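Undergrad: Residues per chain, in single letters:
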Amino acid sequence: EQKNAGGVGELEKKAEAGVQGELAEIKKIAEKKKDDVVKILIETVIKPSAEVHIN
Amino acid sequence: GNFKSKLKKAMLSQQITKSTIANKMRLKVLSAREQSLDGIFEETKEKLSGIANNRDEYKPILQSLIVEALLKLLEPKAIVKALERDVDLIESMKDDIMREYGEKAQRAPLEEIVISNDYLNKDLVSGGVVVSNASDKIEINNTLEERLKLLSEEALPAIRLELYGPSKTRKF
Amino acid sequence: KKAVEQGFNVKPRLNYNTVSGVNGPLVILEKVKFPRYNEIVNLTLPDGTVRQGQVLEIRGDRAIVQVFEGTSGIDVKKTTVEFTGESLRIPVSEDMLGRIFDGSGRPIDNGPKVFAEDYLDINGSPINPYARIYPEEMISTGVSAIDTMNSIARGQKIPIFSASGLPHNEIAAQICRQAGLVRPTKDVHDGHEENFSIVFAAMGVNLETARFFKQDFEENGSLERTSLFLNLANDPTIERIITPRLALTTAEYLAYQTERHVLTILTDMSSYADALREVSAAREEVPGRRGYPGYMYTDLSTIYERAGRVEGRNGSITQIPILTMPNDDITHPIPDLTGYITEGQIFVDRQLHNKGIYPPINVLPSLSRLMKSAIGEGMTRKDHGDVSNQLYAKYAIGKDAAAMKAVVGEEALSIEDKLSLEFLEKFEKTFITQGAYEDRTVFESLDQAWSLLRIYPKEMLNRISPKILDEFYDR
Amino acid sequence: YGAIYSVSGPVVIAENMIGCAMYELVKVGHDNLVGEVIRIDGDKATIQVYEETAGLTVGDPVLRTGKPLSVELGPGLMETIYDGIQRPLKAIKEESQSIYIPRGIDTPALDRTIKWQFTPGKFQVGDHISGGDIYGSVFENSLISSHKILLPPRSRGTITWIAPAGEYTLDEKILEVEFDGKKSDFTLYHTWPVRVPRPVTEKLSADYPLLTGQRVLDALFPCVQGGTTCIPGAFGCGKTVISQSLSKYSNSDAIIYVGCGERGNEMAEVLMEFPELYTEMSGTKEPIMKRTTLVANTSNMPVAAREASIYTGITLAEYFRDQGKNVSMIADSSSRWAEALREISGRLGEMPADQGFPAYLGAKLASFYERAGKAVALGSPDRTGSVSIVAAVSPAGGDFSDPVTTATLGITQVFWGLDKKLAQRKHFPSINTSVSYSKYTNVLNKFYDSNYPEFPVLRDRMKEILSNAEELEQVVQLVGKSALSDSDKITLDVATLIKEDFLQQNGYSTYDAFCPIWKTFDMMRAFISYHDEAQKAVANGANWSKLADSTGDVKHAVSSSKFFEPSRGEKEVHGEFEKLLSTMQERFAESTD
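Which chain is which? The protein sequence lines are L, K, B and A, in order. Numbers in the authors' numbering are just positions in the first sequence, counted from 1, shifted up by 57. Numbers in the authors' numbering are just positions in the second sequence, counted from 1, shifted up by 59. Numbers in the authors' numbering are just positions in the third sequence, counted from 1, shifted up by 12. Numbers in the authors' numbering are just positions in the fourth sequence, counted from 1, shifted up by 23.
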């Protein structure tokens, strides 16, 4: 039981480190693609389309 | 027989802790992506505010939004509620807005449109205009912030396919 | 190419303050412009609170919106309704597993939004019958009463009939906790090519037992395979109607696009039926049999038939609806219609429950119609079918002998009956009686059944094939 | 054309529908959803939508088709799986590449891309032609050597142009008529409303037996080509054997399977086993799908589809009867169709009659079942078809007090009474002789006296033997074997031999897959001769136990008589039956000494 408690305490930090690595990779990808995503979103918002709902 | 209860206890009662830790890590992994998307949306909102700040570039966009709002309303009487700034641009180009509405829809051009005295909150709208029907009963919130929110709600799978490639698990 | 969504378009929404009347749980609008029949709308109360509403009726420029969470506080003067222009689409993704959603698709695990791969529409189109293929492999449950004697195939739709107060919710939790695929293989079923998943939907579930489901799944590691759909009893009724549709849409997505094996537990189908009756009477429809509207065989069919395995996809959907029989009768409309639409049924018996047997599954009435497709040589073990048959026969004989034990006496019984009393004792309180957290694989349950059957002699184990009997019973 | 108003599920009030007729199919919305008009009120037409209605706007068009619910009749109908609306499930699957059925899909019922070889008939240019006249034949499959092209009923005139011999598709014009100046263009197919029976020159009396190949059916409870049969559609009962025997070994030149409202995984069985069912009646081994059409409806298929499935199937069967082909129609569960009716009536709000079933359930059932029967087809040349309906009733767990079951049993002349218990005891085909009955025994007297004169007498003798054993088993159980006379033991032994030999047919073997009516008659003569010889010998003072211990060899010969291979030739099998009868007579004569 004591060994399991110590292992859980260490595995909490290990999982935190793994999640930190994954989050760092995700943040890097987001920083890479943010310019393109923002440009696409701005183009979509700033370029509306006329329509009529008769049909 | 008595110790059989604790023989697997270190992996059964600590299984709850391990599962909770794994669930917390999995939820944090998704929350990181959500925070990244929120940052992207904040950058997009700042860029939209900056674009609206340029009146010369704003004017055609503003007329397009007004025309689309009228077509959605689809009535000859309409009331527009814009920001305190650029309230004169709508007054100046309503003559062309009416012609554009009458050309885009086969029906007759709008007889008259009134700029509402209830100016939109400049601290929040940061652009766009909310056109409303006569007696302000029916409205369309064609504001830049509202459009950004609607696009964020709707174009989420497109953003997914943009930042990340197609899901390898989704063979279909 | 996946980049064909074309969702970057922006659709402005019209908001009307033109509320013309309020009638119970529904709001009438007087000047709607081209309303959609099943459109979801957002109501802005005068106090500022926002409520969702689903359009129930569309006349000329008139739309009747049935409002979630009641209609209190709505005035015809200040409230506004925003029309979204789309029905209740839900966000789907491969990582919805491990998420706990409200009955309206809103996550309630304090996590983020779904981050959809696609906004799959609710109550999707029916599976083409020419595309369906027969169920062909067993989905394991960890319950001996179900694994050995009422085995569930991979496309089967098999309900769990129960009643109020019986532990059907805990049985559902156990099944969700221990379900999986049977055959051992070189690669585990947690991979990316042979994977398994569970979609748990709770409708009208009590807050105590909803919290029980949440804590049970988050603590026992079943969450990473489970997308849980909680719906409290005090939650909106339309939310109860849409909850099984959310669960089955997620299951359809996973199984038929990600190619997962998906088990769907729809607990408290009777509460869903009550909600359906409430919705039907909200539209001034006159109630059908037993107050329930006469058309729910269609709706239960739409819920149930969203299952089975299909031609071109390696995935499958297995459904285990769980319904409480009101007043403990099969003649009630809900169990009757479920028996019409579903293959077989599992019975939870009050008599077994009062004796302290868990799970209190009464195996004599319970039946898996297409069990024979889930059992075989490459499917579990070669002795599965005849061991199940022998268990059923000896259990029935034991019940009959227990009836005669108090009528002709213990000593007047035949030797088979004396063996049958003690076989029934050992059966009910060792084999059927399985701990709430005891996970028995199908082979462990099979050899426990064999250990129970080893008390009988060769001559009158007559419902086991002599080849299997001579290969298993004699050592 | 039209527009839309009040929508509450499938009910859809339309606008500007001035020219719409009652029960007329319309295309609803931009997705062209199918739906039929239920009410007309001025320019407003109440349309019940034949599928999901979640997305429908007010004002978007509703186009009226101009026709009621009708089925496209023509070549390409064989070997095709349909729903109640006759939507080609296969063609829907390849066209959409989709697991589901897309909403508003409008693939043609009959394939318009296939080029069919068309051979024109006797009619020439300028000839007067009437409805039902065969003006050409089309080689559809190998089993359907000539899908004869019928002129549609209610249409007639003078032939002004007829396409020559060639290879054609359905859209291409084939024949042209002029009625009174008005000019009509007829193609390789035509559409007929499902709810009006296809007209015939004369409805004949069905008198030729429907040889299912099962000994119990062909002997004790015989159906008739053009007859009507009811079946309990329970699970454990081997109804699959009955359906496969009718679709595999019967006299039918066509088979229509109507899986109305069936389960999802049951229709999977029906759709997956049928492609590998093969026939030898053609002289070459060919699949039965070349001769069979399936109407498949899972319980989630639209209520309108489930209700109209049986009508679509019976209209297809009538179309193939009008060509001169004996067609058998098998309904998976008419109780599911009655449930569909109950849902439709409830949604329309009609007052119920019997625990929710509408007042016209009996009328609809009687009218639908009357469409079956032998009949001389409309038009020339003279020909005779037959539609036999074999419908299975599956009420709530054997609750045969259901008005659906009551009406079906009151209409159908044959009940084959499958039993769960006989399936538990592995006594296939599991026909409960005690409750099963057939009211076509009197009619088939003509056929028997023409071919097998002693057949009715032997059938009645077998009925009496089985009934006597059935009523004597209770006295056996109550009193003991010692109380039985020798003749009663004879009855019991012969009846047990019957149950183990004649009624019980393996079916999955080669000698019992198809027992012909002549081999069946020979076996009846053998069994009745055994019973009569035993009865006579024991009436001549002989103790039955001694004969039973002594005449086990002739009993074994009778037991192996079911192993006679029908493929050996009628003459050879008749000769060996004669040898069996001679041997049994001689051995009884020896043992009675």
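There may be inaccurate statements among the hints.
As the list claims (entries may be wrong) - Calculated cross-link-like contacts (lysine-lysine; reagent style DSS-like; alpha-carbon spacing at most 30 Å):
hint, chain 1, residue 1, chain 2, residue 2
1, A, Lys50, B, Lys43
2, B, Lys125, B, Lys43
3, A, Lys569, A, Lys602
4, K, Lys136, B, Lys479
5, A, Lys522, A, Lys443
6, B, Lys13, A, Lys113
7, A, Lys569, A, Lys462
8, K, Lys163, K, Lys140
9, L, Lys84, L, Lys104
10, B, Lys226, K, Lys106
11, A, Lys522, B, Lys479
12, K, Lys153, L, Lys104
13, L, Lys70, L, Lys96
14, B, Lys14, K, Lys208
15, K, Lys140, B, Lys13
16, K, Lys153, B, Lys14
17, L, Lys90, B, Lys14
18, K, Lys68, B, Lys438
19, K, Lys87, L, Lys104
20, A, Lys522, A, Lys512
21, A, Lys90, A, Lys206
22, K, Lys87, B, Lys43
The hints are simulated quantities; they were obtained by calculation from the structure and are not laboratory data.
Undergrad: All hints are to be evaluated individually against the structure, with a verdict given for each.
TA: Hint by hint, here is what the structure shows:
{"no.": "1", "hint": "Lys50(A) to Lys43(B)", "in the structure": "holds (27 Å)"}
{"no.": "2", "hint": "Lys125(B) to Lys43(B)", "in the structure": "violated (34 Å)"}
{"no.": "3", "hint": "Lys569(A) to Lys602(A)", "in the structure": "holds (25 Å)"}
{"no.": "4", "hint": "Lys136(K) to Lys479(B)", "in the structure": "violated (89 Å)"}
{"no.": "5", "hint": "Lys522(A) to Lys443(A)", "in the structure": "holds (16 Å)"}
{"no.": "6", "hint": "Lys13(B) to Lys113(A)", "in the structure": "holds (25 Å)"}
{"no.": "7", "hint": "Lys569(A) to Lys462(A)", "in the structure": "violated (41 Å)"}
{"no.": "8", "hint": "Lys163(K) to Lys140(K)", "in the structure": "holds (22 Å)"}
{"no.": "9", "hint": "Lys84(L) to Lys104(L)", "in the structure": "holds (29 Å)"}
{"no.": "10", "hint": "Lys226(B) to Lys106(K)", "in the structure": "violated (42 Å)"}
{"no.": "11", "hint": "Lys522(A) to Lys479(B)", "in the structure": "holds (27 Å)"}
{"no.": "12", "hint": "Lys153(K) to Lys104(L)", "in the structure": "holds (20 Å)"}
{"no.": "13", "hint": "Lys70(L) to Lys96(L)", "in the structure": "violated (38 Å)"}
{"no.": "14", "hint": "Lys14(B) to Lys208(K)", "in the structure": "holds (24 Å)"}
{"no.": "15", "hint": "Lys140(K) to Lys13(B)", "in the structure": "violated (42 Å)"}
{"no.": "16", "hint": "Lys153(K) to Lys14(B)", "in the structure": "violated (42 Å)"}
{"no.": "17", "hint": "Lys90(L) to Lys14(B)", "in the structure": "holds (18 Å)"}
{"no.": "18", "hint": "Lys68(K) to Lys438(B)", "in the structure": "holds (28 Å)"}
{"no.": "19", "hint": "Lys87(K) to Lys104(L)", "in the structure": "violated (35 Å)"}
{"no.": "20", "hint": "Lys522(A) to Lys512(A)", "in the structure": "holds (15 Å)"}
{"no.": "21", "hint": "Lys90(A) to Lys206(A)", "in the structure": "holds (20 Å)"}
{"no.": "22", "hint": "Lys87(K) to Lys43(B)", "in the structure": "violated (46 Å)"}
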